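First, one chain by itself: the form deposited without this ligand, in structure tokens.
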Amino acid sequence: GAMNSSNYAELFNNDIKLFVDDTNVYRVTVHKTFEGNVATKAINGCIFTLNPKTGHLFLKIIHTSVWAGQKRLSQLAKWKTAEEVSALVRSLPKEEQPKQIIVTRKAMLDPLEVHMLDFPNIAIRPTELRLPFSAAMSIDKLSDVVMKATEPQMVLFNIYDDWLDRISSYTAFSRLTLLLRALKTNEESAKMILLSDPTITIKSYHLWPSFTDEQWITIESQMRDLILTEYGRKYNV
């Protein structure tokens, strides 16, 4: 069934499961042509596929060449996502294949269902949560590797850095979503909060700064404050 606030803790059990987010797969800039008509130019995108329990991120980069000479690209984009996710799962050892794939957008159910026909025991599920994975291109290192790519490419990250060394998955996911929620609501403020202190650096093999436990607390509070301020501004409340 659908994933929602009720059955949220299932994300962190020992059933392998992956989130799939397709919001950044087909990315364009919109511009004016010489004759004054509008045209799009695609830029590289990505599939955001994530084990919420372990933080393993499979960032399949979608090179603009994929789109060459194809029509109805937004629709294509959903099948290419399905195609790449299915190929991912087939690439994995059996004991690593997910028991569930949760799509962040319901338009992906049919394409993933069709492409997983060979895995009838992998449940494809929608979710009611409003997850912020579209802000994944607000993470500098993820955006850099997408935009530099010159060909289809898979890049693996752990999106929790070394956090699980010290905190549970539930906590790790809540931090992640809080950070991406913030990046999504006001990227400039969110990023200022993260980097204001030159003395807290990002390890070469990490996405986020090496905050101590106490500094994470301060950071999370600042992100929370950010999100609420922006809400009041959005709705004049």
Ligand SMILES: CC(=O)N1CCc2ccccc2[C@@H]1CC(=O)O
Given for the second form:
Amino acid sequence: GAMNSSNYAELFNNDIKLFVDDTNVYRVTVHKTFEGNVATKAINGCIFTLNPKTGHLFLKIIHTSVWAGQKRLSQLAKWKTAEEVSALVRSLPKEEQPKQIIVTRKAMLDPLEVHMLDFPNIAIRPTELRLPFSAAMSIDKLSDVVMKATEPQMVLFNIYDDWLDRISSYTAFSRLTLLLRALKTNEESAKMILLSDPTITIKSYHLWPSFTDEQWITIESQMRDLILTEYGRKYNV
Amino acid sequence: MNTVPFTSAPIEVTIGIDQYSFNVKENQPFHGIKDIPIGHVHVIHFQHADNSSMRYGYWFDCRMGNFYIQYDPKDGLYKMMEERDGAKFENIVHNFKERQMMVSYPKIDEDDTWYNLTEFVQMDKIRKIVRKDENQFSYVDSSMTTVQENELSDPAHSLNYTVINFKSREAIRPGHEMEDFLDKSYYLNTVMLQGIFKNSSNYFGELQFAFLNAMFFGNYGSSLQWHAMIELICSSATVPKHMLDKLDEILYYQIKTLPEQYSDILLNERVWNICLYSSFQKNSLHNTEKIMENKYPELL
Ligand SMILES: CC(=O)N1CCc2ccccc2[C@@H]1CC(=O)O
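Same protein, the form solved in complex with this ligand this time rather than the form deposited without this ligand?
Below is the whole assembly, all chains and molecules, this chain first.
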């Protein structure tokens, strides 16, 4: 069935599960041609596949060569996503394979089910959570590795850095979604909040700054304020 | 012309014979149906007046034997039986007529409808979908589930239609996932036509049998199978041309025969909008499209 806020804590139990977000797979810039027309140019994209309990992110970079000579690219992108996720699962040992894959967009259900026919015990499900994983490319180090790629490439990250040493998976996922929601809502101001103090650094091997416990509380408040401020601006409240 | 005598009619019932129907009152003097255009196939079906739950009936071919109906007061239904003593049967059917207590199969000479609906239906294939080898006729009712449905609980009482599942390994070649899901031609031509049904005649026969079980008994699994077999053809970009042109005729007569007030339950909006307006074969069903629009425009 579909995932929602009733069975929300289930996300952090011991059944391995993976979120799959396909919104950054096919990416284009829209520009004007010489005859005056408008043309698209693809840029590298990525599949965002995230185990929410451990933070592990399987970032499959989708290089623009995938699209060459192909038609109906927004349709193809869903099937290419499904092909790559299936391949990822197949590459894994059985005890590391996911029992469930949750797709953030319902259009991914049939492509993924078809590609996963060899795994009839892996449940493929939509979600009613509005998750902000489309803003993954607002994370500088993710955007940089995607744009620099010259061929298809899989990159592994822990999107929680070392947070699980100090907080629970539930709490880490809430912090992640708050940060990404803020980045999606006002990217430049969210980045200001995070990079405001040059004395707090991002480790070479991390994605986010090395905040103390109390600094994270402050940062989270500031991100909640940014989101609420933007809501009021948008709806005149 | 063959005859299906009835021993009696102890309970009030609506009796269908092929596309026709009539009513019999409780304990009315009624001794069956005469003047039946022998064909290759017939169906006789029942819906009891005092309980319209369970419609049920029997598919039969008059050329396979002499059949009659007798009410069973223990199981509470009209049962088909075969009379193996031919001299006895001839004695009855020449007399019951001679008493005039039978209804005449009312065939208009212009009406070709029953054969247009059952052209490809054959008893030998019916008896493989409905497994009961001790009888030459086959019982179907409103409640019987299909083998496919069972896979998602008595195998003796199942409808063994060919399983069609668009999201199955049988339907999708590894390495051709998108191709075969978006164009079901492989599954139609290699798997179903060449592999399982062997020819289009057997395919159309099961499609026609499923339609008729859905319409005459309100059998839900038969309706699913009918729609699945239509959608498989329509969703294939490559279909022999003889098959497409014949499909249009088959579906036209099915739509023409459907009760007008049964549309909310016998026609799947998604399948029909897809087949008539979106699918590879949208422009290949001209006559079916025309009857559907002018008879059921609300579904589309
Ligand atoms: C499915 C999933 O998230 N895996 C399994 C495969 C894998 C491979 C390399 C690094 C991390 C992982 C993680 C670790 C884990 O969650 O148990």
